[PDB]
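Mind looking over this structure? Questions follow.
It is the complex with one fewer protein chain than it really has, and the rest are unchanged in position.
Chain lettering (A, B, C and D) follows the sequence in which the chains are written, and residue indices restart at 1 in each chain.
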Amino acid sequence: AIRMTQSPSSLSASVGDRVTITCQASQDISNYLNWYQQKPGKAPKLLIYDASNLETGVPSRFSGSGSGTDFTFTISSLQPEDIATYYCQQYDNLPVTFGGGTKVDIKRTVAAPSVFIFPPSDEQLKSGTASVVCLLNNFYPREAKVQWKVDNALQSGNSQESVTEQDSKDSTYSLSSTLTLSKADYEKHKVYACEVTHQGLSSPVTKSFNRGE
Amino acid sequence: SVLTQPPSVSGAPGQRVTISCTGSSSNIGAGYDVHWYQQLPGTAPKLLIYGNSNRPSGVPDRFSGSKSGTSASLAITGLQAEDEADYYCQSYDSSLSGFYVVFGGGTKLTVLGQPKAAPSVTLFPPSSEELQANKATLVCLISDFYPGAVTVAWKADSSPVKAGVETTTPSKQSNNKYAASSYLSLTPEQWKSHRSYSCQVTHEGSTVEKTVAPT
Amino acid sequence: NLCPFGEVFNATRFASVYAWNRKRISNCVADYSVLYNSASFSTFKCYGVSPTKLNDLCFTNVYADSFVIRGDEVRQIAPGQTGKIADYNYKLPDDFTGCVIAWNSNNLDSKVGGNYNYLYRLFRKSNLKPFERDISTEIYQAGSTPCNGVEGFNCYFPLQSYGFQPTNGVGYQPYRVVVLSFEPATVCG
Amino acid sequence: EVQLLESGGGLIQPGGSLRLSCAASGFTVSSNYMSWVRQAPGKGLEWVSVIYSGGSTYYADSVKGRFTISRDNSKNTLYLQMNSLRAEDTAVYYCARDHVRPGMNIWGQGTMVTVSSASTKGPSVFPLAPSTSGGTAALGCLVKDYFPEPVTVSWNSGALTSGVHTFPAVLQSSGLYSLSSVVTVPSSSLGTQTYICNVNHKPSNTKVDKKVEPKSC
Partner (left out) sequence: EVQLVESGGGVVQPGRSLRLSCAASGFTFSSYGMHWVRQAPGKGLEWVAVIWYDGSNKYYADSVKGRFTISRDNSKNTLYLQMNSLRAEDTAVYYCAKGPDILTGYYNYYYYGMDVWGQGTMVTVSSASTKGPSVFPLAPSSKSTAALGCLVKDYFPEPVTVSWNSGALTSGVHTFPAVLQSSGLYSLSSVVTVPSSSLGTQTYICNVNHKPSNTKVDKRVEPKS
């Protein structure tokens, strides 16, 4: 079976830069190679078909070249809404094989996160479990350290965090860190807070609350 | 982009020689076919190989062709004296997609027939009748040299002469050796002012010198 | 008189696979040892018969079908096979009694700018019966609305063109295929 | 109106069976090349099966003998019968009209097939009440403890789209998924505008509307 290799695996570039990804075929596949753009959550969208032909309605900034075993997929000037994972596929020879995919991120200016902290709802506390949520909204780059502090004690192992995909408008990420405690262990402490350290911050920012108040 | 052939290949009878033919991305590298032509001296070319490797009916099996990537080769196994000719490779050019063909510079195959032969040189001073016409021409006549490859240079009281020199290409004569002639056009004032004039002919790591006086 | 097998394998031009050419061979003798002895054929698979043991067999009629396909599609010229060629161009029955001969012809049927005169049928509602030659140029109605001979969306020309360039891989190079069908007996050895 | 609508995905125990139906509009399925393509969570795309216009079926090595593809001309629907399901079959299953020529390539939206032995549980929705920095405020909903994937969350019955961030679900140590969806609104509209998050969990047939309001003694 054919095996498509796709470089690079990930990619970050500024708006307007030329973006070029490659897709080398294991065997000769002529020019029967397509390129797909899959935005987060949505289905793949065909952009280039037969190595170099642009599908009707794709902007001009998308290009394609190559034949035999080495192919290229070029973005003229990168735009914010172009963020997605890009795959290459061969379809002439069965089975149909895809590439590993290329994740593309925008290189925008530095943006500091807006921090919010949420106590566990009194409704959830009736279930015997408490969940404290820490929010980092619209920041860049994605590198962000969230540190939970419970009565000034550094917590670890009891929290899970989740990061969105780059917003197709402002190219910023958002992070959610969820701390999970029992109702008992939640009521053993008074001060709950998360400490956010980020490039866009001159010093770590902390949002806190007191249990009960 | 054209084709590149060796200027001359050589081989003894019974040996095997190869003539290369390198191209570019627009001809042999583009996957075109390569044809080979043999041209005896004074005759029209003959198709030796067509379609990289195929022989036309009537071509001896001694000849064979091949092609790889951006180059083609002609293989003449068991050299015969009759194989001494000029060989041209021909392909097609796809700079702009139309219909253009490209030949090579040609390769002069010389079968090592007889042994080497030192040339005999006969230098003639300008005739008295030519000096009356306000002209002067030294005639350096070369003969009986094999192989046909000589270098002729003139001197003027030992100092070299770099102008007014014309030289023939060696021509095969009857006894299959070569002969060539060189002429040094001069001014009657230039001829009588110097004390000697010499034509030095070099052949296979050896040089013969003949000199004439203006008496 | 001898059988005119030379007119088929040696033809300066070959027909497309959808309009595959057939030669009816009758009233002649032929030695099939000459054909197998040649190792120029990349593929030479006989079904229900022995290659060497064919000079001692008499047949009523011998059909010679010749066309051109890709190297990847030569495997479809065989009984019980599926694919764009076996389903929509040339289908061999399951009880096939004959031989399948093919050889690479990238040197003949492949222009540097691309040879596009060799075609194949890309669209068909159902598969071909064995030895069926469909040569229809009717527009293929893939949608709910009819075409009325107006090539367009959901209305495509049923044939597709091979892109035979000499820079192609072996699987994409043109292969000249000859399929012998062994059916008063008039063809012996 | 060219589009592929597909359904039939859900939870199923390993070794079980599940059929996925893909209804078509705008073209004839029995006349086109159709294909199923699955995408594992976080992984790339993987071709599954093909049916030709003439009816020839082709399958990948990893589902050969277990999966079957068919179609119904009267309903214009593409099917994918799945048998002897394994844990590695968990993925989103897009049905697509295979590209053959210019502009006929159309993909479905896929369904979530989750091959697992655990039971189905509807999520619990808890409010994330806003705090107190002057200008802008934040609020959201916690979608905790559900299985399997996925859930859909909107706000004010789709009347709110700007400034909304719904985070990818996390897999807790309990084996159930937890998720949170937030939105940034101006601090002035807190006392006059009502905010309700609309969560939908198809495998449990759970549809919840939770009002999110400020906290006060």
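Just so we're on the same page, a contact is a pair of C-beta atoms (placed from the backbone, for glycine too) under 8 Å apart; a residue touches a chain by one contact, two chains touch by 3 or more.
Only one of the listed residues, B:84, B:130 or B:204, touches the absent chain: B:130.
From the set B:112, B:117, B:139 or B:149, the residue in touch with the chain omitted from the display is B:139, counting the whole complex. The residue touching the chain not shown here, chosen from B:23, B:104 or B:119, is B:104. When you scan B:146, B:183 or B:191 for touch with the missing chain, the hit is B:183. In the full complex, the hidden chain is touched by subunit C at residues 12-13, 107-112, 115, 117-118, 166. Hidden from this view is one chain, which touches subunit B at 32-33, 35, 37, 39, 44-47, 49-51, 56, 86, 88, 90, 92, 98-106, 122, 124, 127-130, 133, 135, 137, 139, 141, 143, 166-169, 171, 179-181, 183, 185.
Keep this in mind: only the chains that are shown with their structure count from here on.
Simply put, of C-D and B-C, more C-beta pairs touch at C-D.
Subunit C has its Cα centroid 53 Å from the Cα centroid of subunit B. Measuring from the averaged C-alpha position of subunit B to that of subunit D gives a distance of 80 Å.
Within subunit D, the positions touching two or more other chains are listed as 58, 103. For subunit B, the set of residues touching two or more other chains is empty.
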